[PDB]
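Each remark here refers to the structure printed beneath this line.
Removed from the display is one protein chain of the complex; every other protein chain stays in position.
For reference, chains read A, B and C in written order, and residue numbers begin at 1 within each chain.
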Amino acid sequence: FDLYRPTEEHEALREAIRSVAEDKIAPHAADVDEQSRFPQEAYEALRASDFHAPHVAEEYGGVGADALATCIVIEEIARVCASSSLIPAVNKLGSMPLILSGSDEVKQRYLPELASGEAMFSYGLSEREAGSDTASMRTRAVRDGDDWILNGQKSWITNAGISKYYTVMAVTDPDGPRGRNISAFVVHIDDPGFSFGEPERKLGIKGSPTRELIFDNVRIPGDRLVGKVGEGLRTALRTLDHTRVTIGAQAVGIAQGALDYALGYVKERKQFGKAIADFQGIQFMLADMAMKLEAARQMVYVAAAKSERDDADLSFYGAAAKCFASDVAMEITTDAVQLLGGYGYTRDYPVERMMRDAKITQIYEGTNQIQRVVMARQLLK
Amino acid sequence: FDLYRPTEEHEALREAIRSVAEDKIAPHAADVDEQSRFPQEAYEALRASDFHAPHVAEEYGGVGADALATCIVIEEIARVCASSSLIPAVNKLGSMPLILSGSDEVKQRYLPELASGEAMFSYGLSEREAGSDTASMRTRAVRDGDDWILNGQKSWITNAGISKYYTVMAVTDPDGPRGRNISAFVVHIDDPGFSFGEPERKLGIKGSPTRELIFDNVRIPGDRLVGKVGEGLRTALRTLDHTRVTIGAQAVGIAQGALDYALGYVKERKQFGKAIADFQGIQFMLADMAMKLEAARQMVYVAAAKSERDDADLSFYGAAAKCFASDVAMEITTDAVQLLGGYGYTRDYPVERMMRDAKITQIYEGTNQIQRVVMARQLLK
Amino acid sequence: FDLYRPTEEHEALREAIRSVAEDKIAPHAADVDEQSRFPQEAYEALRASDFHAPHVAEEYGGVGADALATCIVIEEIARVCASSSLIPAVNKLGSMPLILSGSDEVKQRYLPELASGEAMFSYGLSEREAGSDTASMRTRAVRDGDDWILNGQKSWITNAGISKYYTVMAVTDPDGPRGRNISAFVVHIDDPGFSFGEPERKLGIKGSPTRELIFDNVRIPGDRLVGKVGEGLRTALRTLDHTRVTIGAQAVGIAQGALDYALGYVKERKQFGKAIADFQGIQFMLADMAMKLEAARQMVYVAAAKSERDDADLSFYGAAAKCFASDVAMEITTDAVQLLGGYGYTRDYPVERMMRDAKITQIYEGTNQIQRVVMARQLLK
Partner (left out) sequence: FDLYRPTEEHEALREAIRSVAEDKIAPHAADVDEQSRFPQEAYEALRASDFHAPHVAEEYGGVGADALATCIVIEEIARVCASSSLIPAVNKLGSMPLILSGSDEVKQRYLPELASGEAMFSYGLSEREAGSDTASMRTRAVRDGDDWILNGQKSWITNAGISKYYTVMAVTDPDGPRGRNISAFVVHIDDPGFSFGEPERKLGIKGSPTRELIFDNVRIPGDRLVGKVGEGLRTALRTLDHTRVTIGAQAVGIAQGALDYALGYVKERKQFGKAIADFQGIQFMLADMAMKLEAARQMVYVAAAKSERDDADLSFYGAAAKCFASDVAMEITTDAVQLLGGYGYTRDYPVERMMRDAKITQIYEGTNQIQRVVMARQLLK
């Protein structure tokens, strides 16, 4: 009766990413946060075990992992290092427009370099004046012969400066219809007129570089176009339907690491002559953390299976999975700090970092407010 | 990619129980509550379509439905009538000790009558002084030759007076070890010295009879014994591991009926010149209801698949599924009343009944407090 | 240091209403709910001790109680019988438009009969198509010589059929400006063309009659006019600023009765060899109930003192006090049922009635959704 569980192959994958995460990523997580530096040790360990971008098709040299397998990878990394989990999460985000909409030529150019780990991808959608409202974006792409000229800026770009390739959405007709006047382009780190802003100083995922992209008359070839002129925002929304699920998986892993840590601690710490775990108020808090986490996990996996099949109700299930898991991770990490007492408030234990990291999952890949808008729309239509 | 969803056969089953529920059960639900009367129309409709006790093995004339199929049945009935949903839920509860522990003879005597719908089963575990603490039960069974003499009382017995057979747990050795001095027996409605208390006057599931069992020197044959002398409470705990999942399914169905009703209403009701559904605060409430309901549903189905396979972590997953779903149903039904305004507070709409019914799911089949104890124990061991 | 507490006189008043409530009201509360009948024993006890309408000025034969004293009265009654608490709460609601806007003649006609207890007042604002949106009300009043002719209907009217006088708001100019085309009138139970609908069948406050008013060409004298033609809705909003505070006080009293009952019970009930009160998970639930209740109480009293002084921020504080207290009462009463287990779900204990009653406090005197709208408006302006 093989219902409502991952395959044996999924559980073998879980065990393999967990070994890489616990051995090679976990020891660097505190230093990555504390120095706000790219998790380079994690990148090398993930590249060596083909966990840096596992979703890429076997035809491009990739692992060809299904959406659920890719979720389990992001979850198991996020359990020890949220910054590291963004390597496969943002590699999928930046590549998904090519995978969903790109010509065979565009895919053949870029996906093999992702698969081999020679390049990371970033995704440039958000702006200073258009964050949630991406249809109002002002970055523009203008034909000049066979070339495109890009002018404007993207805000908040994960892995900027480390990524070699940038999937960028820009307005291709300022007079075209709202939502259907945008196109997607692959931009290279050394394209002319392309600079980075100063790294953002963040609450959490501090090792993950977060930087503005500045486009000053960036001239790129005509073959950088991903999909059809004007269909870029449709491609971006379709991308979001898959990638929101992976942030739900990230939220689940962060919450799981915090719960793992809190459970180990309250079994050992003694006060008033017994283990903290022996206090029934503590037992109720642990049961709440575990029940909500497990509900969030199963909902992420249901949305992941929907992502793999492209189920017609993926928008609802993905928006629900991402909003629920991030809300639950925020609550669980706030309680994991609580359960360690004073120790929990110090950077000598990892639970305060896990709480600071959990907060991003409620904001990026669609704010939980936008997620509630999307859910209500899917219910009422 | 057939992961994390019910089978096509499960969805055909869902459609068939939903037709019986909407056509034959739903029209009587208000009158069943209002007159506090047994849902007789629902019993006949369920018996005619073999949905009254679908878990019974095909070898006993039963449907042989898996634990997930049985959950979907209880859910789809509970969506229109919570009292009616207790026909298959309590038929499973009362029969499960026979199915888990009974001799071939005991099973052959009782299960065919359940399968055909000639008899309903009840489960007599709780008492006046031993509710949560069932190991402290005082009802006693004493050998008299080949017979057993039962003395005491059971409290809160669902379907009492309607059920023909009562699976009753009693102390078989007041000096034996705590938890291992109890045995299970099948008691018949016409066994001598066996009476019923006055029906309880309840907040909700008002059509479901709830009555004390009084045992005054009840003499029954030796072959009424279910399993081994002293193993009755082990059988009762094992039963609970499966049946808690079905109350989670009941909670999911009640919440789904309330959400279905609230969604239909806020699309039609207009205030300040627009549909109530057009207010973003309302949209956020609907998204919260739907997200939490969907998380509770997937968690119930994960626990149901664990029940079918007898997964070693069934205790955790069942306790989590039942506690989560009932907590979520309490919150959703309280908001469904809210969303109808004044109308919601009147018995002319069904959402106030759905709120009164939701509250029982937090109490029976282990209080949500006992569920948190069980969850914490499974985490810490 | 006499800061942040009621006066000694307030505490003497509290003790006096508590005696009347515990001796004369509490014994009838269950029967009042169970038979859905007016709390006549409570009315007579309240009239005999001048607690039926204590806010009326001493110049009209009244007690002249301040807004805080009147809150304490409603709270102490609502602790034992929510239906009874609506006698002074709705007596204030129906009289407040006369007190805020009425001529000396109108006040002199009606307030002495309220003060003596010869008449109760009702308030007719809501309609079938205009509940939250009262500015869209369709009930009309048309001059005919010195008379007014009323046509339409009011929905949900508390104490209808028992009250002698009805303060009714009606459109006095269907072409006048939105919100400034409505007037208030005193309607008598025996005015011609005036009938009542069938009593609503409610979730709770079942003894409180709730009935439609039907106006079929109701001819009333010109001197029935309360305040100025067109200022009726301004008077209604001003009324709401004071009366919302009294529903917050009602919510506090219902929650207090449920907590009083739960605390007494968990000290006595034993399971697993100790008092339920000895379980730390239970202690945490009790601390949550008590802390939230006490916060809600102090906020109601702060809003009551604002009501007495007519502080410029009364809208915010009243809306906050009513929304907070009713939300907290819903949560506390749902947990009070929980803490009694099975007993809590039966009508033999009062906590299920207290939960059914608590739910109305979130809906009437402005839904908690309208309260959040009002709060946000006061913050942002």
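Everything that follows uses one rule, which is that a contact is a pair of C-beta atoms (placed from the backbone, for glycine too) under 8 Å apart; a residue touches a chain by one contact, two chains touch by 3 or more.
The omitted chain makes contact with just one of the residues A:38, A:148, A:156 or A:324: A:156. Per the touch definition above, the residue from C:143, C:180, C:228 or C:267 contacting the chain not shown is C:267.
Although one chain is hidden here, its contacts on subunit A can still be listed: residues 126, 130-133, 136, 155-156, 200-204, 271-273, 279, 281-282, 330, 334, 337-338, 341-342, 344-348, 352, 355-356, 359-360, 362-364, 367-369, 372-373. Where subunit B meets the omitted chain, the residues involved are 279-281, 283-284.
Contact residues of subunit C toward the unshown chain are 1, 3-7, 66, 68, 263, 267, 277, 280, 283-284, 286-288, 290-292, 294-296, 298-299, 301-302, 304-305, 308-309, 316-317, 320, 323-324, 369, 371-373, 375-376, 379-380.
As a convention for this text, only the chains that are shown with their structure count from here on.
We define each chain's centre as the mean of its Cα atoms; on that basis subunit A and subunit C are separated by 51 Å. Shared contact sites, meaning residues of subunit B that touch two or more other chains, fall at 369, 372-373.
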